[PDB]
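Protein chains: 6
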Amino acid sequence: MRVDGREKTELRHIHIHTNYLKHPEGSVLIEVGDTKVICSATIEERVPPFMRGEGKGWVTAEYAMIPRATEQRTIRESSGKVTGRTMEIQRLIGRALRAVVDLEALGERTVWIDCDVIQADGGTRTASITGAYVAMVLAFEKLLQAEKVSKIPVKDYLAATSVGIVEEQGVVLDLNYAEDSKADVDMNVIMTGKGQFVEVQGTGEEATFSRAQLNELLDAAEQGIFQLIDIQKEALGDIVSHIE
Amino acid sequence: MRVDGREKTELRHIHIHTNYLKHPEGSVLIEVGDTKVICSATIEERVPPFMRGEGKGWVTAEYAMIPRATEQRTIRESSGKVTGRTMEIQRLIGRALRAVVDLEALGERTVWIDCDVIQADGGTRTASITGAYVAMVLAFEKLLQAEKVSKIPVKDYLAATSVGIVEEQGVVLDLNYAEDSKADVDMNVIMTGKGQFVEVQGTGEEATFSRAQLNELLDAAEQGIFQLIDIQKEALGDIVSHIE
Amino acid sequence: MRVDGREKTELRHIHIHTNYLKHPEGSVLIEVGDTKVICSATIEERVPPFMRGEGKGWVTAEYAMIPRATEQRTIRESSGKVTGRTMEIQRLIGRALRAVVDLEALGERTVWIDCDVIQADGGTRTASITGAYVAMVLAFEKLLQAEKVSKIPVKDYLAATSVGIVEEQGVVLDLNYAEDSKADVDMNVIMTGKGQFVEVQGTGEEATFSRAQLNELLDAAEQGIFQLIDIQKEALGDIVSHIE
Amino acid sequence: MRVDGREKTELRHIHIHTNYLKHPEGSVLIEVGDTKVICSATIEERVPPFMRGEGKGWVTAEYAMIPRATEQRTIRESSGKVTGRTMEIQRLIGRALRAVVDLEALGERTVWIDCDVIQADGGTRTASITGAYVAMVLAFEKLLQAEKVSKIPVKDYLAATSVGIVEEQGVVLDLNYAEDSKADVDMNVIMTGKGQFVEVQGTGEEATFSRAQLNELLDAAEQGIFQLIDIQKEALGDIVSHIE
Amino acid sequence: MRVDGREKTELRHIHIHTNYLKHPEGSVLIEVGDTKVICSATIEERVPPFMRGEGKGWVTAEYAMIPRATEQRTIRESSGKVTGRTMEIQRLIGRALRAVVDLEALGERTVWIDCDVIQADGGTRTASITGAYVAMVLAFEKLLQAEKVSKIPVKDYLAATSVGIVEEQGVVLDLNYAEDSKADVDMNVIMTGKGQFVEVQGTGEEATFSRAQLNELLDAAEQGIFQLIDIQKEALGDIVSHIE
Amino acid sequence: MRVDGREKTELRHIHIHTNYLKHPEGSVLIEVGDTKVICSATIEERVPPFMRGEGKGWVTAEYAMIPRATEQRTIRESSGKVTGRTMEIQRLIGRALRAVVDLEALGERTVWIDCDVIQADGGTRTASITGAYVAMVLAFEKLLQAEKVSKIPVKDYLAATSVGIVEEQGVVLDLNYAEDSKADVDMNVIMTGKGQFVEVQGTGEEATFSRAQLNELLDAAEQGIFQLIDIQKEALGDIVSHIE
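Protein chains in written order, with the authors' numbering: chain A, 1 to 79, 81 to 245; chain B, 1 to 79, 81 to 245; chain C, 1 to 79, 81 to 245; chain D, 1 to 79, 81 to 245; chain E, 1 to 79, 81 to 245; chain F, 1 to 79, 81 to 245.
It is worth saying that the hints were derived from the structure and are not from the lab.
No copy is singled out in the list; a pair is fine if it fits within one copy or between any two copies.
Capping the alpha-carbon separation at 20 Å, the derived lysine to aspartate or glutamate pairs in DMTMM-like fashion look like this:
1) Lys234 - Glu31
2) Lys8 - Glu223
3) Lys22 - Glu180
4) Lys22 - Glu71
5) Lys183 - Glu54
6) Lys149 - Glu45
7) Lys183 - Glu105
Given only the sequences and the hints, what does the whole structure look like? Please build it.
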């Protein structure tokens with residue numbers, strides 16, 4: 001009697017497990033349907049040489065999938082070799098998070114963000130940003146309690162999602178692997194709580210998209226992301242009071 | 001008495017030198033202001049194992065900058082080590098070109114696209130796609146004359162440009178390096194002759210963008226790209242008759 | 001009123017979570033106190049060239065720690082570089098598991114064992130073998146149900162533990178990181194359900210051990226391991242009926 | 001009616017384009033027939049640790065070919082892997098140029114020489130030295146104008162050429178690729194304006210050479226090189242007045 | 001009339017050639033039957049950063065086999082790639098030697114131990130430790146004569162051997178390659194002159210061992226090692242007077 | 001009363017130890033004064049793909065120095082990284098030996114030449130060729146006895162030496178390390194028993210050489226090499242009868 005499946009504009013089940021593991025300053029396991037990512041935030045009291053003494057901090061991200069995160073085993077990036086996909090994804094995650102951090106208020110420190118995918122079924126890079134934001138704020142909460150910053154140094158909430166145009170379905174939100182593999186167009190969107198973009202990346206896959214479709218895709222991603230931000234706020238509990 | 005400089009919505013000087021060098025199936029030097037890129041297309045009568053026997057072709061791209069392409073010398077990616086930036090750029094160029102190739106009509110062959118930047122002043126990745134399209138079509142023209150394909154296997158023209166929101170200037174088109182380094186938002190846009198998108202990638206740099214701005218940025222990129230396509234047609238001479 | 005801490009000859013809390021993740025043929029999360037390891041078993045219908053056509057199978061293992069598995073962040077082995086410690090650990094895990102597999106009954110297939118440490122507090126390599134055994138048998142159960150083997154191709158149960166001689170404590174079982182870092186002697190022991198050894202590795206750390214101590218250390222490891230095997234049997238449920 | 005081809009002792013067409021690109025201290029495109037090499041000279045106000053504080057400068061060279069410089073595409077040395086041929090060639094170019102620089106007069110600075118081959122048809126390493134000398138002197142001219150050196154710190158002019166013994170032709174000067182591939186003996190010669198050698202490298206290819214032939218080969222290289230030096234002087238214009 | 005071959009509990013011919021080569025502080029060629037290893041000890045007046053200023057020294061070891069050390073040529077570990086076997090062996094040699102060095106008395110210096118195998122017929126890692134101990138003491142003798150240490154900074158003699166359980170032979174000592182390749186169990190033992198262990202590593206190869214067998218194997222290794230120590234003392238000549 | 005030292009035109013002590021080690025088809029230790037190199041020749045019944053089915057064989061060489069071959073320890077090329086010097090040297094050794102092998106008579110087989118330097122005091126690359134020739138002929142003798150070739154497939158004897166112009170000494174033959182480090186000019190010469198060259202490589206080191214000096218240097222190398230060939234013949238014993 002229950003409706004089976006998801007509507008075109010409906011997220012998979014989202015669960016954000018906070019203080020997931022003990023050692024990081026900030027630790028999260030994010031579940032987006034079958035996609036599962038361990039996100040940690042590590043605080044180092046150093047910044048890269050290129051910016052030392054300038055009084056601003058930095059955020060840098062690393063990404064990997066455990067070999068059987070995927071249905072078909074993947075070759076370990078062991079040192081093995083780092084794929085272009087990993088490199089692109091790392092750049093995306095780091096750029097996205099830097100955009101919402103008040104780097105001056107962070108002070109001269111680096112946030113090392115690690116996103117390790119333990120199960121992959123689509124949307125890993127955007128799940129990674131969504132989980133890593135929370136992990137970062139959990140770390141920022143510890144700094145604040147330690148009196149090492151005067152506020153949580155974030156300018157807003159930040160979350161991310163995929164959207165796509167899928168064979169015989171049209172515009173769909175939060176694609177699983179099966180859906181992305183038969184998507185004509187796919188897109189990653191990274192947005193703040195005030196509805197402002199930090200990153201938009203759309204790709205026609207052997208195919209093309211109109212501007213009408215771009216607007217459609219974005220519309221759908223915006224609401225997915227506002228919902229994700231609601232969930233981040235659910236996960237963050239009282240910490241939301243330390244953010245404006 | 002002549003107006004100095006460029007309007008906000010004006011491209012740098014664009015020059016596409018065809019049959020630039022002798023050995024490639026297709027060879028171009030593209031100049032976009034001070035940005036200069038050698039683009040070759042190489043035809044190999046093989047496709048990757050993952051798709052062999054399926055009767056479709058493939059396009060794959062490589063990118064590098066000679067060490068003093070840039071004002072400050074860059075460390076050679078010698079084997081040295083391949084940067085995330087290079088890997089992202091290669092993925093972009095290959096995805097963009099694959100989208101406009103009729104891969105079945107190409108047959109089981111790979112187009113190896115090489116983009117070697119000899120002078121860099123912003124917009125190298127988009128200059129690379131713009132030049133590489135022409136290099137690819139020059140190669141496709143040779144195949145056609147050789148009776149190895151029945152038409153030039155392209156679905157449209159394809160070109161690319163950057164756009165950005167720049168401190169105290171607002172929306173500007175085709176950013177040089179100086180302008181991109183003080184850009185709050187920058188964007189790469191890849192579009193066809195029919196005004197359809199193949200790739201859109203926008204990044205807030207320590208900052209964010211509204212949807213209004215996204216539409217503005219896109220508007221400006223569309224016309225830059227239609228102009229670039231006009232120039233590609235200028236460069237292509239009679240070959241335009243072999244394309245629909 | 002409750003006794004705090006552990007006796008010298010007492011394991012940390014052991015928990016073996018079976019069918020932990022969806023994609024592997026066999027999946028386990030093993031917890032040994034704060035030490036936590038994701039263990040998967042992947043079946044490939046191929047063996048290495050050096051033994052192809054000989055009708056026997058193979059087991060091979062890979063190991064990694066996520067960067068903040070540890071209290072102090074570790075540099076990612078990304079491709081980064083693979084440490085001697087990782088290489089030694091992989092060799093240990095693979096050798097240990099091969100010893101208890103009936104490789105002829107497995108047929109010509111490789112078991113790929115992946116051990117990804119998500120939290121490290123000592124005993125990761127032995128926790129890895131203990132968890133990976135179960136993951137492997139879970140995979141062997143699927144093969145059997147699929148009629149691809151005639152029995153679970155194991156010759157016995159197999160588990161592993163550390164033991165050590167610790168400053169001002171003497172012989173202690175299952176060392177955490179703190180305890181191993183002030184251990185004069187440490188040892189890894191790998192044993193079967195019939196009390197037979199597959200691997201024994203003892204190291205004096207800036208110090209030495211007598212034969213009396215070796216016997217003592219082994220005695221203590223044997224019972225730790227019999228207890229671990231009891232727990233593996235608890236985790237395996239009805240599958241124990243398919244093993245002799 | 002015009003004689004087709006080249007005499008045995010005749011260079012290909014030589015063209016040295018100065019101030020070729022904007023960013024280097026010294027920039028040249030050298031053309032030797034179909035062989036074309038972009039040569040830059042970059043000044044860094046540092047020397048290697050092994051010689052720091054000793055008041056002498058250094059010259060170091062890097063070499064690469066763009067993938068379709070060659071008739072058959074070459075695999076990119078991307079980081081891919083650096084070939085022995087590249088390593089030998091780099092050593093040759095750097096040794097040759099160091100020999101003619103007054104390193105004390107240079108002061109404690111490194112000249113980074115980059116030789117990127119955009120079209121290859123034989124003689125790339127010697128074309129590289131010939132072009133790179135000019136690029137280096139163009140850089141030295143800028144230093145002098147900047148009052149950072151008291152003279153152009155060169156001890157002489159320097160140029161280089163190949164010579165060979167070719168099936169059914171005997172001793173020939175400046176070999177193209179076709180001619181080198183059927184050469185029994187080939188040789189690289191590096192000489193100054195005063196007729197003094199900096200490097201001589203002769204190789205019997207599946208074959209051997211007499212001393213008579215060595216003298217013959219050298220005779221022919223000497224005059225090729227004096228001609229090349231004349232052309233370097235043509236390219237250098239008024240700068241020749243700043244050299245003795 | 002002479003008995004051919006070796007008893008089960010008998011070493012191969014052992015020869016330790018001291019001051020073998022000129023450049024190292026300590027140089028040995030050790031022969032164990034056909035197994036031959038060049039062992040050098042190099043003194044560097046530095047320790048790793050992780051322990052600098054703490055006043056203790058360090059020992060670190062490297063291992064390689066020349067390509068035709070083995071009956072079947074091995075691929076050179078050139079940079081090629083370093084095997085897990087090499088990494089494990091290096092760790093073993095370094096750990097073993099550190100255990101018998103008085104690191105405080107050494108002072109803040111590193112002993113670089115190099116073990117290059119020129120002929121391999123089993124027992125290379127244990128031959129390496131046995132030879133490297135002597136090479137190290139030869140180096141320590143030079144330091145002492147130079148008044149850079151107040152005694153030879155060793156706590157004891159140290160040597161090593163393999164033992165195994167071999168098809169149709171039972172417990173055998175010092176296995177050649179042929180014997181190890183049909184060994185059900187093999188073991189490396191590292192012991193001091195006072196009969197105390199520094200390392201014990203036993204591996205069931207597709208098979209298992211009882212505790213009775215472990216004791217048997219150890220018994221046999223102890224006497225092999227006492228014999229090896231006698232030979233080290235033979236090789237060391239008068240230097241034995243500088244050790245307690 | 002004995003004259004101390006060497007004349008300007010005199011080799012160091014040369015010793016060629018044949019059948020040095022057991023496993024190679026051909027094995028030599030060559031001593032040239034303090035320079036000592038283990039040279040092996042390995043026969044593989046395969047040639048590279050680029051020449052398969054063409055009925056000719058191949059020779060390829062690898063070179064390394066053990067870390068304390070040198071007075072100052074060298075970093076191991078472990079996989081560490083392969084130096085340009087090693088790559089150049091390998092190319093030299095392989096080219097030199099190929100020139101004197103009848104590759105058709107060899108048949109479709111590769112000779113793998115390994116040159117491992119155990120002590121370095123100048124002239125390692127030329128010592129390597131001199132020793133490796135003998136190792137190769139020892140291997141060719143085994144092939145002949147096995148009826149796998151119809152003659153020793155060499156066209157002549159081949160040996161090599163350095164020569165140099167040394168501060169306050171002029172032209173000197175067979176330079177040690179000290180002498181090469183204060184050499185204005187150095188040269189490697191590779192010659193056959195009939196006085197024909199296979200390779201000549203001369204380098205002015207911060208300095209230049211005249212043609213008169215080139216002739217002088219060569220004269221001196223020729224006689225050094227004829228002497229070396231005499232010694233190779235001494236080492237080869239009766240095998241000289243199987244060569245013309």
